[PDB]
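2 protein chains.
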Amino acid sequence: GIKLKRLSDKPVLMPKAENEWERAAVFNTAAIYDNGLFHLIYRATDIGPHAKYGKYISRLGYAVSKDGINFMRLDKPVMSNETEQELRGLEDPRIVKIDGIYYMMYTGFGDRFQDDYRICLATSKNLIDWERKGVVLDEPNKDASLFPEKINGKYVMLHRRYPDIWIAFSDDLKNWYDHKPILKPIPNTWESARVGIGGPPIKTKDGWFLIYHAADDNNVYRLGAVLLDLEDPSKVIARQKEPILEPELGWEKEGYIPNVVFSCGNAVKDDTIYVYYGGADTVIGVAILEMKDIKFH
Amino acid sequence: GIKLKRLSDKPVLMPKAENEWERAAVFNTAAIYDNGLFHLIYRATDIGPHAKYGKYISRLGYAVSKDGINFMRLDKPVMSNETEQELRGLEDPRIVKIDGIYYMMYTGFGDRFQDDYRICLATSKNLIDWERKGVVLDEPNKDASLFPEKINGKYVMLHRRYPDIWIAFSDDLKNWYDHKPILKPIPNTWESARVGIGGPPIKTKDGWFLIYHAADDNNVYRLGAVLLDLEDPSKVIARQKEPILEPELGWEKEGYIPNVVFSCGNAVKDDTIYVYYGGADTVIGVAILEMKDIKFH
Ligand SMILES: OC[C@H]1O[C@H](O)[C@@H](O)[C@@H](O)[C@@H]1O
Ligand SMILES: OC[C@H]1O[C@H](O)[C@@H](O)[C@@H](O)[C@@H]1O
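Here the protein sequences come in this chain order: X and G.
With the first letter of the first sequence counted as 1, position 151 gets the number 154 in my numbering; the numbers rise by one all the way through.
With the first letter of the second sequence counted as 1, position 67 gets the number 70 in my numbering; the numbers rise by one all the way through.
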C-alpha cells in the first residue's frame with residue numbers, strides 16, 4: 004500500500020553555521036500550505052541535539068517556498084527560549100489553521116527535573132508573530148496537535164502519554180476531558196518501542212489520515228499510517244502493517260541521531276500531501292503522497 | 004509644518020556581506036503594513052549603485068517586522084534579473100494593495116541603449132511569488148506607482164517624465180490616457196533640479212497625502228510633501244515649501260551616493276505613517292508622521 008515518495012535525494016533545508024541558533028541542526032518542522040506558499044516552522048539547535056554534545060537549545064525558524072522544495076529562510080527565529088518551561092527551548096511544532104488562526108503545539112523543554120517537558124500552545128495570524136498561551140496538559144507529554152477542525156463542537160487533540168498515542172477533547176482549550184489511548188506499539192515489529200503522531204491529521208472522504216512515527220528496539224525511527232473515523236477519531240478504521248518511510252538516504256541514516264525519519268508537518272496542495280521530515284535530527288527532507296493513493300489493505 | 008521623526012539613529016536594514024546579491028547596498032524599499040506586520044520589498048545591489056563602482060545589478064529582497072524597526076530578512080531575493088528589460092536588475096519598487104492583490108511598480112534597468120529604463124508591473128497575493136505583467140509605459144520613465152484605490156472607476160498612476168511628476172489613468176492597466184504633469188521643480192530652492200514621487204499616496208480626509216523627493220543643484224536629495232484633491236488628483240491642494248526630511252545622520256550623508264534620503268515606501272499602522280527611506284543609496288532608515296500632524300500652511 005502506502006509509500007511516501009521523496010521529491011529529492013537532497014535535503015530541502017540544512018543548518019546554517021553562521022547563525023548560532025540554527026548552526027548545528029534543522030529538523031522536525033511544522034508545515035502548512037497557505038496563500039499559494041509552503042511555510043515551515045522548523046526546529047533548530049545551536050549544537051548537536053543530544054545530551055552528549057551539551058545543553059542544546061531549540062528555537063523555531065521560518066522558511067517559505069513556492070514549489071515545496073526550494074526554500075527561502077528568515078535570518079532570525081520566530082520563537083526563541085523565553086520562559087522557564089522553555090529553558091532548553093521549543094521543539095517539534097505541529098500547526099493547524101482554524102478560522103483564520105494558526106494553533107501551534109510545541110514541546111517546552113525545561114530540564115529542571117525529571118520529565119520536565121510539556122505541550123505548550125502558541126497562536127498567530129501570520130506565522131511570524133506568535134502569542135504564547137501556556138502549557139496545555141500539565142504532565143510529561145509531547146507529540147501533540149489539534150485536529151484541523153472542531154468535531155461536534157469540540158476541539159480535539161492528539162498527545163502521547165508514553166508510549167502510546169492518546170486523544171482528548173476540550174470546549175475551550177483550557178481544560179481537557181475524555182482522554183483515551185488510540186494507538187499502541189506492537190511487539191516484535193518496527194513499531195515495538197513507542198509511537199507518536201507525525202504531523203496533524205488530514206481530513207479525507209474515508210476518515211482522518213494520520214501519519215505516525217515509531218521506534219524499534221534499536222531506536223530506529225520510521226513513519227507509518229493510520230485512518231481514524233471522521234466523527235469519532237478514537238476509532239481506528241485501519242492501520243498499515245508496514246512503514247510508509249524509513250531511513251534510506253545517507254542524511255537520513257547518518258547525523259547527530261542515526262537512523263531517524265521524523266515528521267511534524269504535512270502540507271496539502273491540490274490533493275498532494277507534502278510530508279516534511281527531519282533526517283537524523285540534523286536536516287529536513289520532503290516526500291509526497293497523492294490523496295488518491297491513500298489505500299489500506 | 005510637517006517634519007518626519009526618525010525612530011532610530013541607526014538604519015533598520017543594512018547590506019549583508021554573506022549574500023552577494025545584497026552585499027553592497029540595501030535601499031529604496033517598498034513598504035506595506037498587512038496582517039499585523041510591516042513588510043519591506045527592498046532594492047539590493049552586489050556592487051555600489053553607480054557606474055564608478057562597477058556593473059551593479061539590483062534585485063528585490065523581502066524583510067518583515069512586528070514593530071517597524073527590527074526586521075527579519077529572507078536569504079534570497081523574491082525577484083531577480085530575468086528579462087532583457089532587467090539586464091541590470093529591478094529598482095525602486097512601489098507597492099499598493101487593491102482587492103487582495105499587491106501591485107508593484109518597479110524600474111527595469113536594461114542599459115542596452117540611451118535611457119533604457121522602464122516602469123514595469125508585477126503582481127502578487129503574498130509578496131513572495133511575483134508575476135511579471137510587463138512594461139507599463141514604453142518610454143524613459145521611473146518613480147511610478149498606482150494609487151491604492153480606483154478613482155471614479157479608473158486606475159490612476161503617478162510617473163516621472165523628466166523632470167516632473169505626471170499622472171495618468173487607465174481602465175485596465177494596459178493602455179493609459181489623460182497624461183498630465185502635476186508637480187514641477189522650483190528654481191533656486193532645494194527642489195530645483197528634479198522631482199519624483201516617494202512612496203504611493205495615502206488617502207486622507209483632506210486629500211491624497213503624497214511624499215515626493217527632489218534634488219537640488221548639488222544633487223542633494225530630500226523629501227517634501229504635497230496634498231492632492233481626492234476626486235481629481237491632478238489638482239494640487241497644497242505643497243509645503245520646506246522639506247520634511249533631509250540628510251542629517253552620517254549614514255544619510257555618507258555612502259555610495261552622498262547626501263541622499265529617498266523613499267519608495269510608506270506603511271500605515273493605526274494612523275501613523277512609517278516612511279522607509281534609503282540613506283546614501285546604501286542602507287534603509289525609518290521615520291514617522293502621525294496623520295493628525297498632516298497640516299499645510
Ligand atoms: O523533549 C526533550 C527531549 O526529548 C528527547 O530526548 C528528544 O526528542 C530531544 O530532541 C528533546 O530535546
Ligand atoms: O534607473 C537607472 C539608474 O538611474 C539612476 O542612475 C539611479 O537611480 C540608479 O540607481 C539607476 O540604476
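Hints in this document: simulated from the structure, not taken from any laboratory.
Take the hints with a grain of salt, since some may be wrong.
A pair counts as met if it fits within one copy or between any two copies, since identical chains are not told apart.
In silico DMTMM-like pairs for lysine to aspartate or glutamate, Cα to Cα no more than 25 Å straight-line [claimed, not checked]:
#1 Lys272 with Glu134
#2 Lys19 with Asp296
#3 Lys6 with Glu134
#4 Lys69 with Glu87
#5 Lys19 with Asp49
>> Of the numbered hints stated earlier in the document, which are not met by this structure?
In response: 2, 3
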